[PDB]
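In the form solved without nicotinamide-adenine-dinucleotide (NAD), a lone chain appears below as structure tokens.
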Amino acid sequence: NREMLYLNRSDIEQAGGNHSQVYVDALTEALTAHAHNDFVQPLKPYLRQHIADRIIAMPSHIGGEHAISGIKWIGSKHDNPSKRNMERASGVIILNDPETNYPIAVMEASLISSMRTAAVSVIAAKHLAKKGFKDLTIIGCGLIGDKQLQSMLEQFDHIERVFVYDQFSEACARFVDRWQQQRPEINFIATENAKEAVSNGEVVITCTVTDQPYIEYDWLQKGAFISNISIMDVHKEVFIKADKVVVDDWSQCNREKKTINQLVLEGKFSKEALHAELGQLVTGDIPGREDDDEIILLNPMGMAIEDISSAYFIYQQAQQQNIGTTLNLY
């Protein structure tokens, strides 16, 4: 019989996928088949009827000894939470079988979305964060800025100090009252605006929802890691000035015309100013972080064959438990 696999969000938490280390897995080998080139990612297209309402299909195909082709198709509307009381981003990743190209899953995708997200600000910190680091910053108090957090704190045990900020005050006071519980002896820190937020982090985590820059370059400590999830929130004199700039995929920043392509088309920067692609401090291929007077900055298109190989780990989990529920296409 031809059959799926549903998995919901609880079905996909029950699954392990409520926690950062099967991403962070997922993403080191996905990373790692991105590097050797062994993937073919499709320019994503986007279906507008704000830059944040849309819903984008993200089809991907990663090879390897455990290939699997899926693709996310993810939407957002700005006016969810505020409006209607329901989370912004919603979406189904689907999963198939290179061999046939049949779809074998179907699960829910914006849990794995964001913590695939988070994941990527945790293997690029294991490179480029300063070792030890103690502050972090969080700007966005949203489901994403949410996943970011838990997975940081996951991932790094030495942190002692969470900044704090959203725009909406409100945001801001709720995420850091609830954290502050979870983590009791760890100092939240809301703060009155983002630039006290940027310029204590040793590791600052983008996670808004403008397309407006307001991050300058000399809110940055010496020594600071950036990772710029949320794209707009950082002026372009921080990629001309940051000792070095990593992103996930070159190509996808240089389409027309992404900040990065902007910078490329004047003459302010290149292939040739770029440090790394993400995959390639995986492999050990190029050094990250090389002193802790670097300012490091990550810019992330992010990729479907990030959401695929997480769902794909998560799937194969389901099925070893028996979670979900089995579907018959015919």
The other form holds:
Protein chains: 2
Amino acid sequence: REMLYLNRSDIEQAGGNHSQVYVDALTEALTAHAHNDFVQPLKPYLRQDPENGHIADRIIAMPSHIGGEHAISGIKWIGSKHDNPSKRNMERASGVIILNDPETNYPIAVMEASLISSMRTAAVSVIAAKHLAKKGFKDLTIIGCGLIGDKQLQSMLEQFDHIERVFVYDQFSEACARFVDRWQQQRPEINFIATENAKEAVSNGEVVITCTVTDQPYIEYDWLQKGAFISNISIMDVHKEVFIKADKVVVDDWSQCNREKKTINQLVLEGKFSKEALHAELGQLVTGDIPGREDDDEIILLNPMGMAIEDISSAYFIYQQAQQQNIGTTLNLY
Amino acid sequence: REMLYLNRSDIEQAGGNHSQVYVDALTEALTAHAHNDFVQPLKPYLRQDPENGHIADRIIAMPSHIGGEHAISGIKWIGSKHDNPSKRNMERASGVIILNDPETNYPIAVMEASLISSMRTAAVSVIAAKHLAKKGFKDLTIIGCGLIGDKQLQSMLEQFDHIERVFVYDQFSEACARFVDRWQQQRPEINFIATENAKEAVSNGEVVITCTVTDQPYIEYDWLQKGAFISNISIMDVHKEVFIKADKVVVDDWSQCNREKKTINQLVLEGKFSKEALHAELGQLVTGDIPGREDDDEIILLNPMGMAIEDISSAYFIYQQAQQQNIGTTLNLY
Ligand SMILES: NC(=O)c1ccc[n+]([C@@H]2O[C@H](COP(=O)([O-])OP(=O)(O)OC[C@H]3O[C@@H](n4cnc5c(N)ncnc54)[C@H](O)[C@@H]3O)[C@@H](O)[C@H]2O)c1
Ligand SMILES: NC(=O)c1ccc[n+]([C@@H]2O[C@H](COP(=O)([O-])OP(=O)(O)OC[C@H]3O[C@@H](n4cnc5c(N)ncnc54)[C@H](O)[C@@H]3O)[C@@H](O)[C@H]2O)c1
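Same protein, different condition: the form solved without nicotinamide-adenine-dinucleotide (NAD) was shown, now please give the form solved in complex with nicotinamide-adenine-dinucleotide (NAD).
Expanding to the full complex; the earlier chain stays at the top.
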């Protein structure tokens, strides 16, 4: 019995370094989600300090099974220390994805997780923007210049050739400076603007993507242009009023969002939100059960907690491409 | 950044093939358990058929962190298909353990899981028997001749040189036959008896270990000799009356046992059991907070759901031994 090991370099070589593989994988997984052909138990958070602990110091286990023609199971096991970049010069998040053959349940692949996690999260923004952003939008905003922001930006630019300007803000000015400098050279024909505050960045974006590590909301509803689509990838950035005031609120998975201690659950627990109030789950937009944007004045909020089936589908596509190209290291289980 | 990969062969070479490493690792982990120096979120079960599914068709995620001098985090991700041995000639269970450095949360080891899982489960029986079995017990019973039974038997014989006879039963006669034949040659001075039914095996054991895959209890209280210690490793074998009638009931972890849909929770939900009724958690016996066996007429039941800290502590000890011996395959994460 063997397993394929794919490090981040191997993942890049097998196509994991381009958005399209993730967009393809997620369109499939989200269709399976809409058709309920998956299983996704709740994610446990392992924290060393469940009391007295930074919200981004954790390891999350994210198991899932996707059914269908090419059923697959697996887990993403993804750790985080808020401190890693500033104190250790290391990426915040790290970890592994294990894929399992659903016939036998045996593990068949062990793969590095963080590039795939970041790219599938960027693909979530792409697919949602296809349904929820103004068609042909020109102005993109990125808040937070870490690995998630970098990939969000890369993928949007790969997937939307009409983007003209990119407003970028980070609380840490130097991170923003270097981020825009790097990108300005990567893409000379797009105009990147390092902004002075978040309000300037948010106010000027037709699509706004949050990519920070914060536990306190700063994005106000009146910052948002009519017609804006906000992909709230880092979840906590957005004031509650935005959930209430947006014309349409979309999540990836309601049961995961309407979960004890979370923003949506809190509005629900008060009498300020419900499932009736929710516009769609993302998969329902992909499959066409529910329409997306219907006019260009609508302000639309996506609040995606992240779903294990996204990681597992992404990793499975990449595993397959790697096997096709004989990329990776064959390990024996026994 | 690197991780050590240890396949089952590497684990054996690093000492993982002898009970003592597991006994040492678990004595440590169970002391940390008694002192509450750990974190162990509830295990999710991923099942393809949560409705219409065999109870042993699943993959379980088992994360934990152990504190102390050599704090460690990790996860056991362990799959099962009941069908694997009979239909595919494959071991029922399989999987991987990932170890994580708690300073950065980065993964540092990827290890095969099933030998370690089976051995740490055998160590649970050893440690409990040290506290709960009649001193110098001569007659051991094993029900179920798969990998768990094999390791339970190996470890008991390694750890208790006074065992004279071993009664063995399996529902599948041929499995029992070959099991005792193999062992009789491995240990010519011990007497192995293949029994005709479970009652004969259970009735004749001073320590009884359950190692089957069943969802229906068959072990009756009146089968048990006064003085017996039952290590109910496969959980479902034991009739409810035994929980009620045993002089002392011990679990590994109450919060895990007193969990919705489980035997103990059910007796609790009725008014037939409580935490007051429970004799000890295993760690409390190890640390001496609560006495073990106090006389030789007591009938004692251990009901251990299995704890992630056992796997993680075991894997960590083995990882360390392997590094000391330069065993295993160095992988690059990136
Ligand atoms: N929704 C999802 O499925 C999903 C998936 C993966 C990651 N995430 C989230 O993405 C976020 C970004 O992760 P990352 O790995 O890039 O982190 P990172 O540490 O690499 O970068 C975070 C960046 O945000 C900046 N920042 C922090 N607080 C800020 C604030 N209040 N305003 C402006 N800038 C701020 C930091 O200076 C840093 O440059 C994390 O919160 C992570 O949990 C969400
Ligand atoms: N408590 C714990 O922490 C823990 C840890 C690991 C495994 N387990 C449990 O150990 C059990 C044994 O696992 P395994 O990997 O050896 O399985 P396996 O399939 O290798 O073997 C099970 C054996 O039991 C026999 N059997 C099945 N039903 C029986 C019955 N009703 N009476 C008598 N014999 C019967 C089978 O013929 C087979 O030989 C599993 O139920 C597993 O969930 C418990």
